[PDB]
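As a starting point, one isolated chain is supplied in structure tokens, in the form solved without the partner chain.
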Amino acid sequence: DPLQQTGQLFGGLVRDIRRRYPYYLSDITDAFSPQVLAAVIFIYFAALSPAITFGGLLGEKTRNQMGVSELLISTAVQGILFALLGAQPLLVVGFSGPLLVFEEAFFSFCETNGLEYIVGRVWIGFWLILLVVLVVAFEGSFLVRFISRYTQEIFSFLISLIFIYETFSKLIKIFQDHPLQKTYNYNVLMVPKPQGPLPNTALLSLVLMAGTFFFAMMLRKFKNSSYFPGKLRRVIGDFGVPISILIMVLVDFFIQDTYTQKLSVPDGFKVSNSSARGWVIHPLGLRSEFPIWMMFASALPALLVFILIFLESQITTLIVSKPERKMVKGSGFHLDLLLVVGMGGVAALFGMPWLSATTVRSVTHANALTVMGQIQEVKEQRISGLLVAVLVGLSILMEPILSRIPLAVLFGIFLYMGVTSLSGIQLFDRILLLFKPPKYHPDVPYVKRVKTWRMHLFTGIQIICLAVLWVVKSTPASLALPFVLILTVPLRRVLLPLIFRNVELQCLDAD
């Protein structure tokens, strides 16, 4: 019903508003639960740490044009606004890898042509605002109807694998920075960072990450396990991630001689490069007048950004708001798209980065708010997102608290997040079934109705698509990764029916 084309202009937006806004008092009053607070802390850490990392990276690639502080402010403000007004408050808006790739590419292009980067970002944001207004006007979001379970599952599996690979690559980098050596230099300098290898740092980081992951898994099992009174067991289980974070933070705190990398938040809310840019960015130019040719040619990068943000946000909303996840309040596609893209453009006007609804963190938020009885229900409320965004904004004032948080603890939390995000995806189920004998296959329609080798061939085609997407991402043509993902949609609709019969597709791919 929400994904339907109507003759009235902006019909999807008003339909989404009329569907969601009646439940506003229900969302406000539904946050009174310990599970909500536990998910608040979990999502706060899982949104601050990637935000810190992406801000540091963005400050590194650019000449500090956009760094940690601007990313934090943008994330906080956009999260507050999206939680307050969005049709699906369970979504969390944050910076993503493809966005960083585009930002570095645009900065390189601007340096090559000598134009101002941030003013180009402002004009791209204006183009994005125009594009999203037109798309919502013409009900373009209905196109996500053609995104079936095939594309959603491929995207979710690839993105979770990317999260796991990023965590493991960070661990490998922390090992390479401090190699296991017989001897090390003494009285090293750590003012910006350790200039040389350090003893016990890599092994302690690995130990902390593994311990955090193990404790998260143990608490997740204990939540379903029947070793304690039901109320106490559920309260401890839903607080599992904060418990693991607290335990590992205390463990690292009680170690005084060894050095482990901690979260670094800036002192005060200010621009990363005060001399380079101000709070408000002039659309005509801070130093040189903006040529009209870029004013009119910003559409193509803006078109690419809109395609990336729209595809990622809408596929993430489709994944989160599936009927199998027991979401009864409904979700709005047009309103969410308008909000995310328009606020991204407005943030680009203020010099802050634009953001899209990330997949791993939104799925993790939904899973944390999911109440298990089989999924009995999902706590859908805006207070969780509002509090997460408020805490992200206030993370600057909480420097003593975040200074004690090791990065390896968050690496373990990210590994756990990716692994549990892998759960619930039938593509992962077929991956597991690839190794099981045909006797042990579960009683599901896509096992009885279809032969085992046909289902294995379907899973092999999905694996081939995943490998192609991974190769594209590793290729410096990473911005084309969404587009080839779009190429998955015709494959299901055109090429797949040539191979598999109608009943095989309807059983294997179904809403």
Second form
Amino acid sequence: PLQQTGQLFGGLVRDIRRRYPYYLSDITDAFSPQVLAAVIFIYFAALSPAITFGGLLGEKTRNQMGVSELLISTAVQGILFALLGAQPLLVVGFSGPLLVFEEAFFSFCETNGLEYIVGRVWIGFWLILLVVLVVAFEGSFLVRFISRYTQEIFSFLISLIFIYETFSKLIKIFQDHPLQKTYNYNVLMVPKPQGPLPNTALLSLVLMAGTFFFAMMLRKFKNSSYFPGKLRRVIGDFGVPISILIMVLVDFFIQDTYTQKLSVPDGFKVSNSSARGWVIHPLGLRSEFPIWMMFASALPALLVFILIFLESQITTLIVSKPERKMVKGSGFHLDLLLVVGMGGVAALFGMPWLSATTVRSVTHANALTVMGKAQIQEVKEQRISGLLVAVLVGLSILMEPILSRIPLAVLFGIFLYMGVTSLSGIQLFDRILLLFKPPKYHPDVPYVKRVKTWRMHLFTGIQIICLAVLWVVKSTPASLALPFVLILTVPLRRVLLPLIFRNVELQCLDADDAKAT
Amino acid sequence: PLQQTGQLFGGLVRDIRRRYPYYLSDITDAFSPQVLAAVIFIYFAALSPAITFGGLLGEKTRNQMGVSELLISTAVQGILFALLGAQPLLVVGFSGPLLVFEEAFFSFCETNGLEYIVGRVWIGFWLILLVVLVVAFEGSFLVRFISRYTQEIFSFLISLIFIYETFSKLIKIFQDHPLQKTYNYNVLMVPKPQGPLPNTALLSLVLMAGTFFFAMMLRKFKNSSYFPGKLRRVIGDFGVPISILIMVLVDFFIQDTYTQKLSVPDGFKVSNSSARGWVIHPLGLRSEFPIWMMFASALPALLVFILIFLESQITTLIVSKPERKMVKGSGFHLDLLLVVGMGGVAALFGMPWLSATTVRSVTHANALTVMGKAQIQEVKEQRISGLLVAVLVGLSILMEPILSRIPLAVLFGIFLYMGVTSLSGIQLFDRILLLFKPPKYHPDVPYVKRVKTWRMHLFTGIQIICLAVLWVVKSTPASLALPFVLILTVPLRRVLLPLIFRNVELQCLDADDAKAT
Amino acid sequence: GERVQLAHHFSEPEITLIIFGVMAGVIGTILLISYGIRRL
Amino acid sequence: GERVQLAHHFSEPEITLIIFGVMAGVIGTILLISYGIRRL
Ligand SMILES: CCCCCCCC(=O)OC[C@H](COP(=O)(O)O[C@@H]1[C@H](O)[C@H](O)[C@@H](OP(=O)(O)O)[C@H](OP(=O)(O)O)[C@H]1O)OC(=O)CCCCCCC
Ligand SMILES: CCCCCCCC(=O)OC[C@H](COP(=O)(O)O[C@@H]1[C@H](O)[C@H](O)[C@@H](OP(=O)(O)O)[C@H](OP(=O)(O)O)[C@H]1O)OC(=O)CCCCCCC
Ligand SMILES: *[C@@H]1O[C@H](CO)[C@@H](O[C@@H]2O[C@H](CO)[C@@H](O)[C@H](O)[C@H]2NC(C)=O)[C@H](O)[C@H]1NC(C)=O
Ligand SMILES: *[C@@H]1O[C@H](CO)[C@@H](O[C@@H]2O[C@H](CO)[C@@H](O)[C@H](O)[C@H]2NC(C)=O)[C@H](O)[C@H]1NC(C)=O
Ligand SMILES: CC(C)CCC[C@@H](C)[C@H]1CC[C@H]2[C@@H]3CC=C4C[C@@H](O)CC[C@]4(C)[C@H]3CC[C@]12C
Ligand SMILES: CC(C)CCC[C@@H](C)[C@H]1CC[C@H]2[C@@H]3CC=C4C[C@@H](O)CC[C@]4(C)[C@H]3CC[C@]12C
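The block above covers the form solved without the partner chain; next, return the form solved in complex with the partner chain.
Complete assembly follows, chain above in first position.
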């Protein structure tokens, strides 16, 4: 998939011929309850971050782009990616770096008196130019130099960030309603409670802990020896929906106490009808858009392309490792082309561009993973699950009375479960666990039986320094430089690491398929 | 240990010659941090039920016997049993059936216009006569007819009762402070809150869940492969004290929310100074005690003797099984004599008689159990642990500032941990688990590989019916008939069970040492 | 004791010694009887 | 679109068609240049 053909659009054509023969199997392989359980999982797992990021975007951009535009873009891009992509297990949705770029671009447009949405239209227009040149010149072959080092560093960092944000949301919930000796019983509730309320933060903590506990116990019960095997596996597959339903019913049977619920818009309308319409004129809405920004938008378009490219390609590398039993193939050229082109098209309608997020796609792959008697058996590789998730995301506005009864704390426990389950296949997490173990308890694995203990510990600690550096960058206004610092790990693997480690040590510690040299 | 010699006090002399040679080891074997951790565990595990039962007794008997008398009796009897007992790992304390008998006897004395504490004095006088004859005539040899059937039924029932009471206390806490939309912020707090308070029930639930979670996680960390083995086992031994300290700090740093704390009496004084002194006259305090009730006290003495005998002997059977690696010997005659004689003597001072409680003694044995390279290796059998527990129970009054900052929810989580950990060694609980498992996952045990699956399931179901019958009797006003119905299981095992099961099946299912016939 | 208690001819140590002596006498009589049985 | 918008010479489909045509021309020019190179 990463070979260079030398022909224009050579990678694009090979990716199509690699996967599209399996298009008929991509529908028939979904006839299983595990696919439906994965749909119910990924629907909430993509809807709740979408709602949160849409609210943040509306707050930070004066509602020029908000919840409704993000939901519509997510639905359309997910549907078109599931119908036409080469790796349908990827989940197309909004991400944090995209929000940071939107913040920076809105600030830049406000400073220079530029129309933000027209600048977004021009950036998306420049986005289409970049992706066509990259795909035609086989620019997606450069991802072959991203070995297990950078992939696992990025995945571990993203999982830690997800867990940190999940806990910080509960911390903010506690700060909004602190535990006090006295409360004001006359507190306005619309649109949100303007004062602290009793029993709120504690009930949110209880709901999150119970959701996480039930999810983990059902995950254990899947591999357990109790019940008949078919019924036990069916229950284990629906473990996350069962936990969500149980905690939702628990919160529903507590009428008096208030808990924050999901909030979707009233209808399929723009967030601000006083600012922009559904189609934004590239020449300007209120003021004439200057000519110079039409060429100056290439650099922000370059940054957006770098962000989306790194995110989607590293996610595709993670989800398509040979150890995950992927036997249908993935496309690095077709998927990138589809994602960036759809982002550029949606930019014309004033809708946010999206990328293949890491945590959501990894959770989608894991929810379709079939486990044998410890050993991964197969993966339910099909296009129906992502298509149904996107359709339900689009229909989330019409089903407000169902979503309005689901607390966020249940979703917080679900996100914690996703974060703790996204660290399974990372060897960096395994070697971090070996830092707190005696050397005699280390497993019989190639990177332990052929490498000395202190050498492996030093190799792991080098990655820890990279994780700390990447975390510090995110805590700075220049968090859009995170892709560049992440790329800087690739020279570290191929220039500085060989200066201290032998060839066999680097082969064992950084192996493309976890082999013993 | 249960053989009949035919000599007057024959069993008593043999018990002394069996254990007292190991008296030197019973002090030097306690020099280990595991013993200190077990002391810290059993101190709370015996103090909290003592406080609860003393409060209940004071409320139900107009403070004739209360917290202070029960604490002093527990301290004195525990010290004397640790110094002179043949099975020092037993924890002697107040129990539920004792509370039921005290309620019934107080009702009888109030109906007949009698002095309740003087009636208790005369019962204790009759108690000494019965135990001396039983010990001299080797009446403890009847315990050898209490097989694994009755022992496991009693242990499972008592553990279920303990867990049910632990959950019912949390239910009561939730009921007293329900989750309401509004609360009265000005509510009198002394001695207890007169109205519902915010965040109380939810914080209690959080504290209990966190305590249980931390205790279970540290117990699993003991057997884990993390940290150096010495430090790992040291931390695992102190799992319960560490969890208690963590949750105590968590509740301590939450100033505003109110949680119920441990309450101990102000000083070493009788609960009601207007009713009785420290020494109660056997002929009466206010009115002359009738002569007929002096001879009529034999029947309540018989009931108390039956209750204490069954509890102590079944507890000794459970804690001294050969499969628990108890290689120091246990004395049935000496322990019974000590317990009943101490109860009869303390009856004179108005102090309650105690019995060898099952859950506390099993927890004390398990907290001193050393696990080798999954398999029980040895038990820290020594007298210092119980002596220190009794001394700390006696000193609990003087350490009020320490106890006044410890919530009850922490102790509720500790009780849940004790209840779930007391079910490990019961084969009845193991065969209950096999009811939800396919037969191919059943373990390699004599009662599976030599008996048909449905026969074993029927044998388990017969035991479950006995558990339900014993549970119904407990939930009735005639709950003092529980020892008789429990004894009636012995004819069921020795008579009716062979009519439906073969000798090999009963040997495999009911094995005194888990042997394959 | 506490408050005002009814007057008795025997004090607490005296009455408890008498009761324990009667109990010990009964125990000894029962032991002697049991020794007499199982022999003749 | 919404409220009052400035009136331009080209409508939205016209201007987006012009922009797409310019983009296609640039892509074709780049591809023709790349085809010319690597051969001579
Ligand atoms: C609720 C279901 C109906 C209840 C009515 C109760 C009546 C009832 O349910 O019996 C039917 C069936 C017995 O059939 P059976 O034991 O043969 O079923 C085996 C069981 O399903 C194993 O899990 C399978 O292994 P795996 O997991 O795939 O690896 C095994 O397949 P294989 O590998 O050997 O070829 C199966 O053979 O149930 C049970 O499994 C016993 C535990 C039931 C637990 C009791 C139910 C709580
Ligand atoms: C805070 C702890 C100290 C920090 C200082 C960090 C420095 C530090 O702690 O190294 C010392 C020691 C290494 O020495 P070493 O590995 O030889 O020690 C072995 C270890 O104690 C095993 O647990 C023992 O087996 P078991 O359990 O009885 O079955 C084994 O006994 P044996 O059966 O072979 O005869 C011991 O030999 O520790 C570690 O084990 C490595 C994991 C350290 C992880 C520490 C992560 C914090
Ligand atoms: C929708 O957009 C309009 C402008 O397009 C916003 O109106 C502005 O609101 C900000 C906030 O105080 C101020 O600059 C002015 O009150 C308004 N400016 C102009 C030029 O009218 C409006 O607030 C937006 N809607 C929402 C919900 O934020
Ligand atoms: C201590 O004992 C005395 C008498 O035994 C209790 O006083 C009685 O209280 C009950 C409850 O109302 C009633 O029978 C009478 O008011 C009292 N009767 C007599 C004869 O005094 C006193 O309540 C006990 N102390 C406590 C704290 O309960
Ligand atoms: C990278 C993609 C977006 C194409 C590159 C953009 C440049 C080369 C082209 C594409 C379309 C062009 C515009 C087409 C039409 C007009 C209207 C005219 O009255 C002023 C110039 C203006 C506004 C042009 C400026 C230059 C322009 C923006
Ligand atoms: C089983 C133990 C308690 C001993 C058996 C009790 C019987 C046999 C004995 C032991 C102590 C005895 C009492 C001791 C003292 C007195 C006071 C005296 O003015 C009248 C008789 C009277 C009231 C006795 C009656 C009989 C008595 C109650």
